[PDB]
Amino acid sequence: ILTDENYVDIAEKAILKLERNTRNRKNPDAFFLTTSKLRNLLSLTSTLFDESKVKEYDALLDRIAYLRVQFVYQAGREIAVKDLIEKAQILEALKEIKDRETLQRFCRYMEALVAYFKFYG
Amino acid sequence: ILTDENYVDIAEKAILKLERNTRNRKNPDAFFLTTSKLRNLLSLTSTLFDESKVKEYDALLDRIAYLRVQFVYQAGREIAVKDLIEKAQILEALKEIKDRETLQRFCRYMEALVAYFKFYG
Amino acid sequence: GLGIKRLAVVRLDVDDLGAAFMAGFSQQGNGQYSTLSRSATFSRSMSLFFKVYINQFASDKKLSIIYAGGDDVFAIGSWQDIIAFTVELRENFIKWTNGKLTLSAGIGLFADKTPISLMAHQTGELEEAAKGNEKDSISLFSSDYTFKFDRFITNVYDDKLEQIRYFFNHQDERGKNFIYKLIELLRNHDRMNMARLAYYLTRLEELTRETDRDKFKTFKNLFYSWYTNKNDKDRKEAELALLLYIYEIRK
Amino acid sequence: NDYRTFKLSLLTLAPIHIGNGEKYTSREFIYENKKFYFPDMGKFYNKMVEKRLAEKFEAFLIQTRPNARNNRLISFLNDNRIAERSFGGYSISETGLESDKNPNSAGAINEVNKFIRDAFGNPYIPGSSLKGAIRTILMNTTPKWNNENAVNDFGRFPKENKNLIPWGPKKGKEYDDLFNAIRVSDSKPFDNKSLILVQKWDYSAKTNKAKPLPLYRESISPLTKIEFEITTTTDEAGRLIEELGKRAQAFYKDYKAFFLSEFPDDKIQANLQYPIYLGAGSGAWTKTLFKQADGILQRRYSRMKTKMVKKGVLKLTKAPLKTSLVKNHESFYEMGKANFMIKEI
Amino acid sequence: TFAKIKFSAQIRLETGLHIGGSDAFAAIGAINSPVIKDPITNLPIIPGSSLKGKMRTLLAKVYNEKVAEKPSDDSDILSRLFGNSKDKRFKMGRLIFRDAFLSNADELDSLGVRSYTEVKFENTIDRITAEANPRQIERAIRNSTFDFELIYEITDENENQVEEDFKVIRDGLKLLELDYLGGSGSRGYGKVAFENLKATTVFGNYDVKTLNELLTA
Amino acid sequence: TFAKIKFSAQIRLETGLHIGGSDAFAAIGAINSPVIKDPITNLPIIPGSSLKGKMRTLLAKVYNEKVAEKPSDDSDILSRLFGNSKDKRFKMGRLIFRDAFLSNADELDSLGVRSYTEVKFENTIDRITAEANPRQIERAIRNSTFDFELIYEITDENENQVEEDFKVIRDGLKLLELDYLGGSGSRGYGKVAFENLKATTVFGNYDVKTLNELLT
Amino acid sequence: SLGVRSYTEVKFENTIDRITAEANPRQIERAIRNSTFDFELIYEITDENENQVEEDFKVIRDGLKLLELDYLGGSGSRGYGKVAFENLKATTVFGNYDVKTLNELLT
RNA sequence: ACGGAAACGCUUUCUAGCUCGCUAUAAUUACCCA
Ligand SMILES: Nc1ncnc2c1ncn2[C@@H]1O[C@H](COP(=O)(O)OP(=O)(O)NP(=O)(O)O)[C@@H](O)[C@H]1O
Ligand SMILES: [Mg+2]
Ligand SMILES: [Mg+2]
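Chains as they are written, first to last, in the authors' numbering: chain C, 3 to 123; chain D, 3 to 123; chain A, 507 to 757; chain H, 3 to 325, 334 to 355; chain G, 2 to 218; chain F, 2 to 217; chain E, 111 to 217.
A hint or two may mislead.
Said to hold, decoys possible - DSS-like cross-link-like pairs, simulated, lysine-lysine; straight-line CA separation at most 27 angstroms:
| # | chain 1 | residue 1 | chain 2 | residue 2 |
| --- | --- | --- | --- | --- |
| 1 | H | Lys258 | H | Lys309 |
| 2 | C | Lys97 | D | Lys84 |
| 3 | A | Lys757 | G | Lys168 |
Claimed, not checked - Here are a few chain A residues that sit away from chain C, every Cβ distance over 10 angstroms (derived from the structure):
| # | residue |
| --- | --- |
| 4 | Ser551 |
| 5 | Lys567 |
| 6 | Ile572 |
| 7 | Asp578 |
| 8 | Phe580 |
| 9 | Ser584 |
| 10 | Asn683 |
| 11 | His695 |
| 12 | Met700 |
| 13 | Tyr705 |
| 14 | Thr708 |
| 15 | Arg709 |
Unchecked claim - Pair by pair, the computed Cβ-Cβ distance ranges are:
| # | chain 1 | residue 1 | chain 2 | residue 2 | range |
| --- | --- | --- | --- | --- | --- |
| 16 | H | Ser304 | F | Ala133 | 51 to 59 angstroms |
| 17 | E | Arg143 | F | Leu215 | 43 to 51 angstroms |
| 18 | H | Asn194 | F | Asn213 | 54 to 62 angstroms |
| 19 | F | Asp88 | G | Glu178 | 27 to 35 angstroms |
| 20 | F | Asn197 | G | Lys210 | 32 to 40 angstroms |
| 21 | H | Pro160 | F | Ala133 | 26 to 34 angstroms |
| 22 | A | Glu679 | F | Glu214 | 36 to 44 angstroms |
| 23 | F | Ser116 | E | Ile138 | 36 to 44 angstroms |
| 24 | A | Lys757 | C | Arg102 | 50 to 58 angstroms |
| 25 | H | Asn165 | D | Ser38 | 46 to 54 angstroms |
| 26 | F | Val163 | G | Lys210 | 37 to 45 angstroms |
| 27 | H | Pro160 | D | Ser38 | 32 to 40 angstroms |
| 28 | C | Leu93 | H | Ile84 | 50 to 58 angstroms |
| 29 | H | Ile84 | C | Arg102 | 54 to 62 angstroms |
These aren't lab readings, by the way, just hints derived from the structure by calculation.
Quick reminder that beta carbons are idealized off the backbone N, C-alpha and C, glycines included.
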């Protein structure tokens, strides 16, 4: 679960819980997860965060249902996105949206994940 | 029938209900159904999903008529696909499409099926 | 030609001077230093300072002392030479009083061609808004920038402002757009802007050239460090420092 | 103006298939004349639902009947007297060599792969497919691009480095991008009368047979001239795309000595111009760095259909005789063995 | 004096082009690289930014003597026809490259066009292990034409800069026919023709008799 | 007597318009330059200040003898129509531009438009290094219309300059068509067309039947 | 309830030089659209002016159509106006005066 | 017989200028199942 006071801190401590490249000493402690397997997932929630400011929540429930498909699919392809969305409980944060406010909270959570992914390594 | 708040969950509990290799105890919990025969099902609707955005539904629905027969014929060849189209009520949901927002929900439901099948296995 | 075309007004007051005059000397000894001679020499000291030495402190600067005496200094002038005037005045007054007798000013910026009562009243409101910070404070330009002087002259005006000026003159890539985007992230500041600032400075760390990259890294590890400090007396200082650096380089 | 344009000419010795991803199923054609008619099956089902027989059609699609000439949607129309065949798609003439059985088996082909087509409907060769044929000739015949193009001890001997050839924006560096400087155009969209749908014929070593496969891709007929335009904006790119004549000969020389030997020479064509292996059915060794994928290519196959020992089965087909290209009997072409000649404009 | 003229053309495609779109809500097995298209008719557009930043850079390798290394280092024949950000007199730049919308939709409907954009499947063969990576990228179809507006300003700074800038604009257009408008380019995807070059004045007084002759050079 | 004239027109877009709002620090993958939008309905909007300022600078290229160094240095033909901070008599000059508020949210929703703005992804390519830098800028979609209106007042200080002013107003709208009106127009945005030009007298007594034929 | 965070929007704006062509930004705080404000306007029917009340009602009312047709605010030549009165009723408070001959002249 | 009477925080002002959604990438591999 994520609330209005702690969604940035979970995205902080979830990048730190994501395991890095222990071996392959060429700029070590790099992540197995790559940037472009993460900007694709943000590319959905960014275009929901910009539609939630205008359109009502009872018109966005076709895209909000498909975030649950895309996170599942991108985790099924590569193990690093699986290690992301199981460390950061994204599939249990997608279960709880229900209105505009928690939707925008999740869409800011997905951005805080990327900001702290960029900030570390 | 499948609607916006439940079709991803219907796909999730569909994929868990496909039977597995009860024998062949070499990496068990492996489906009879494979990734190729399921992407052959998603490739039927992947054209209609992006022809639905441009064209009207009334100038399109003969392909939606023939796509029922396509799912029938892809079911009538392998028993692991005839099993799939009855666990997930695909043939029952093809008859209840009748507009654009259910065509883009069925073609999205097949994407949900592929996503959870890739996620499990 | 660099510098915003504003004039500042400062109004000062030595905090609790009547308390420092009547009681005054009663703490050391056992009431043995509470004579009339100590208070007479104290009056001569305070009168000597506020009637002789303020003209020494206002020597080179572009200002006008509209009143000085007792314990008030009301002075109009150019804003660089008002902020420099009051930093100099207090850093000499706390040497003059060994660090006793706090004074607490209010500086306000005003554009050209504005009436003088509309100017002086808004300065005096900043002065009384700095009387009640705790007691000893300077109130730069507005009701919110209210700093203790020991938390202002060391931290804002000498530490942070010179670090900001030192970074932003030894380069050419980063400009005033970067400073404006830092002022916005400093002023709004929820917990989300800590992540957005951590993303912004890391984007710009890998956008600067490899000649000036440790120069930018020692600036972003210095700005992100006080932004996320969790004491609130280090983030508010940086906003006033960046306001002063933008006011210095205005065309 | 360093836009040095060239003019490649491509002569197909062997049948060439490219693209489209999709494929017609077993019940999506009509063979009643000596042509194959591939309709628009949407319009087929639309015009057949007037015949009130769509449920018998759905019975025909799951009908597990033997005698495959009665399964292929011809007998559905001959028995139920649908004879208009005014539907959408197109027709192609036969190879004549598809059904090996002279006992009837006519139109008993099963699953054809479509050819790449524009939205007008006419076939062409895409420039991105011809550039991948150019790029392997450039990679194998350049010894600096063959050493470390490999694992670096990461996973299951997994993949190409993709960074031996210096590619990128590369922040802080100038802009090289050698294959941005090799600009290959799509061809002129040629005609439907060049397509024959050869089958597939896998010809093995150490067991001298030619077992055929159920995979009958819609390839181009041999001896079809197809033109291409290539512009090279870097002089470094201009050198390689001029020296393709030497490099294609060198690639075919290093590939015959590696792979076409251990196969009998009667089934192997001669070049007659500069050799090139355009896609879909030329084998893996024409799409890869063949002298660097000897213990790395076959590792991917622990399945029912593994590569035999090493240097996998040859990919012949059966298209009819022209000029002569074949050099043997029984019409065994090589499925992708084309040629080119280049000249600067 | 003030004048404002207009260049009409037709961007006839030749092996049609990709100009990449935006949506992340695409699919699983369908188009992952959309073309930019008009949000109401769902017809492909050639946006004027992709015309402008191809002409601005192709002429930069011709008319800049000193290599630019940055925009607004252009050689004042490009800085005034496109606009700097940093020259005090060349902030605006007297050319308006309007967007281009697909004109001949009925001519394409006379041909056997299923849909106005084709989808092209383009896997990446891993040059070791021979494995693939399919992309399904969308491109506007081959014989599409696009109406190409181009509006030019003539103020009281054009003493003799008018006819000099038209051995520059048509120079850039005949350099667009040697390059590729974005997409892949190195994989086809870009070749255009400019048809019916027809200059006219939409505002003011200017004599385009002497201009409508070097369009047909 | 004192009169007023109202100018109904539909601002129909082509090559959809961008009028920028906040340059405030956006979210991480969000829209970078958003269009100006209404706070209540969250539709696009054209403010009257853009329509006034762009038409002011366009008519400053036609109706000025000497090149104006500043808007106070504009002509007497334009100061009476757009106001002047320095003339004693041409301060608050005779035109009230109003905003425009996306009249056909029902015509656009009859067609398959999902949102009344599109977001075009876009980039710049460096000259050396050819390294890409994307932006996402928002723009009100192509087939919008906008309810445009002016309130031209007649205060009897002109008495014959009335029909001289519509040869400036109609000329300014004709220039706004040919120029772009708003945002990145040299990359082909804006491109407004003016439809249904109709002058009505909403206060006072003035006849406009000889004026609509000037508006054609 | 219509969905908004503040009752005042911040409109960004600028000023472009005619020669240098360099902008000069601004943030102008406007009240938002369809805010509805209270309004009352006491007219005192005193003793002397009894014959001239109705010719001071065709002037109060005529001064409201003008505010609907002029801007009523600051910087209103650039939008920022267009203020329309509604439910314009005239009741009587502290008096004995019949306003059923006026409320039809208003609506 | 109200430190009160009369008084628009008002006029002017384009969120603007510049910027390629771009870079690399054969729809290909394996040959078999009953
Ligand atoms: N040298 C002096 N000796 C004695 N009294 C003095 C001297 N200089 C000023 N004063 C008087 O001391 C009083 C202090 O006034 P004021 O500053 O208002 O009070 P305060 O003690 O400072 N409390 P605060 O206003 O909160 O700082 C005034 O009446 C001054 O006239
Ligand atoms: Mg005091
Ligand atoms: Mg005092």
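Can you give the numbers of the hints that this structure goes against, from lowest to highest? 2, 3, 12, 13, 14, 15, 16, 17, 19, 22, 23, 24, 25, 27
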